[PDB]
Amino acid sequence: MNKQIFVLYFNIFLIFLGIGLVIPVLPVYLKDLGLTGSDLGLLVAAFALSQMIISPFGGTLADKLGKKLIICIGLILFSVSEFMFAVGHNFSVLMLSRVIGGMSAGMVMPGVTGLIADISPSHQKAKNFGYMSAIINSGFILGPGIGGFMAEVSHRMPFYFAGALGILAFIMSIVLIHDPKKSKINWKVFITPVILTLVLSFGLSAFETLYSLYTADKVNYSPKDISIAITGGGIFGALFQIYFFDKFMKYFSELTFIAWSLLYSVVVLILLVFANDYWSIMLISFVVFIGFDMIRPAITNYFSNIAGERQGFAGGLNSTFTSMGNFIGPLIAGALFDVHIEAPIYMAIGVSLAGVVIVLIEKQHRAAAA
């Protein structure tokens, strides 16, 4: 398992590293190809829309025809998309690359989630999902760093590197993932987790994407200060995801843990609103994301638990609605931020309270059922 789980973690890391690889080099591509702002908005939207559309079907196909096949095809698609972006000198080629990348993500993430759920002992699933969330975050962190480090020779080298990594990951998955040994439909158990993940993503991506702008406009944070705050928050979140998430899973339930994390998030966000000092903002930023960083593995575990033999479908639903929230969040957040500097934090607090209400309602329904 320590070799199959490692290759699954590598696949998910590759997907989320390729996601963030494009940030440092987007203006260079726009200037080189003579693209407008409408083109930039379309290029951003295409990947997210493709992932949204493909993720549930990808998970269903992983359930039906086997997860290893869907993962391998998704890795092939990832390599094709990265190479297409590497050699693309036209807007249509770039849009096709983004679409193929979104489809590859919507095929790889549901399959990897379902397989990690399937090959895990019942007492180890939570730890594995916490590790997966930490790996996803690490890929997000390392994407832009490698993309900007390897753009000093050419703004197209990162995508050649990413395509090569996709080839290596596909070969590793073919060799190392075990072939399957052998081999719900109700749309009522999945309603609360999809609503929860959608609301939480919509309100949390709003605060995450505009954090640097908010800190620069509020407390005069230089780029190194924002980097310090982001790295401290990421270190604390990773430490809690890797070490404490599974211990909380044995003690509490998924819903109780989610509610407590959301209440902690509300408290710390309120404390962040009323902070105007440099060191106050730094110290609050260090700990303001811990509950949010632990909510994602908890939601993945809840999706896994409420499912039966449809782990891939649960992964696909999670991917679809997480990406939907992550796309719609910052767009609304920036419009609100133009009128008040504290608007994204207000959206985060509001969605946290709504999530607490949703979790409590679902817990009460469960108690009434039993």
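Only residues modelled in both forms are compared. Positions refer to the first chain, counted from 1. Here the rigid core means the biggest group of C-alpha atoms that line up within 1.5 Å when the two forms are laid on top of each other. First, how it differs from the form deposited in another entry.
- For the listed set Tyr221, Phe240, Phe248, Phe292, the sole C-alpha moving 2 Å or more between the two forms on a rigid core superposition is that of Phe248.
- When the two forms are fitted on their rigid core, the residues between the two forms that move as runs of three or more, each C-alpha shifted by 2 Å or more, fall in 180-183, 243-252.
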Given for the second form:
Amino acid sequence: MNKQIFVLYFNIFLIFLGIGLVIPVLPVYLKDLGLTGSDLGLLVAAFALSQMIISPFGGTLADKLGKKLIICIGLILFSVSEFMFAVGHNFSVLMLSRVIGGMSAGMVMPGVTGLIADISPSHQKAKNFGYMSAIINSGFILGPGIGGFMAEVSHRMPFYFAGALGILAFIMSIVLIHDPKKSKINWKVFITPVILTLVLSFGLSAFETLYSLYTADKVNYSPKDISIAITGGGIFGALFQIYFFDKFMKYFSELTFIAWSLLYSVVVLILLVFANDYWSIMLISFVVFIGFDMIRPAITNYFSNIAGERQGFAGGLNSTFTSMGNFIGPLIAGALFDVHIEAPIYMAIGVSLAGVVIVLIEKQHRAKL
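May I ask for the structure of the form deposited in another entry now, the form deposited in one PDB entry having been displayed?
Here we give the lone chain, stripped of any partners or molecules.
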């Protein structure tokens, strides 16, 4: 973990560097390339769907085949993925690059999350999981930030550049990620998180990607004014994801933490819908997302604890279902958004209350031994 973790985090940061990198450059490919808009729906769904199809498989052989190899193969498919996305003018290759892109995130993320769940010690494992989610978020921030930076630099460039780090992380994958030490089956124990992962990510991501739109019309934020609210939640999110390990030293379990994180987020979200002036939605917006930024490691730690082995597969189910939630969620909340502005919040409240219901059922289920 002296150098193994610092390159393992570099693999995961690199993928979300790639996912976020598409956003400021997607609406400039597909017009000068000549695309219609039904394919834009498929273009942004090919990544998610192919991530959904592969992750339960690409990560149930990773246990049997080997963690190191499937990550390294993941990067060489990651490196070639971003190369075809910026090579030349077609659509079937872009539609195939996105599918290959979903292959790379389908064999790395379940494999690497299993790997930093196998080398990390019995304690401080939640800290590494908290450290990872600090980084996947920092991938989501730096990605679109880098893509807007390489603007006058021939906008096919970010994929060459991210392709280059696909090579750089590839050599470091054989060298630095030397073979780990060495080495229930029923799916019934996996039931309660995957619906919990799906239900939240259905509603949580409904608010998240539409937060820049909900506060756009309600309190009328300037475009250089959301950025404070985005970063302020990120900083308190990042600070609390490193404060995250101390909570499990104090808290009795992870499920009890999920309930209180959800109940806390409900209370803040109720303040969020009532308050309609600038400064009492700003200061609230800093602490709206403490419940959400710090539940994603709690969910991820929940997968890695129940799965005594097959931690590639358990991380796979997280990766397939949150990608399902991040795909299904915004589409449904997009229709409900236009009847009245506050609709994604009730989805955020509703799945949060649904999240409280699900965790309470498990608590009395475990009370039944």
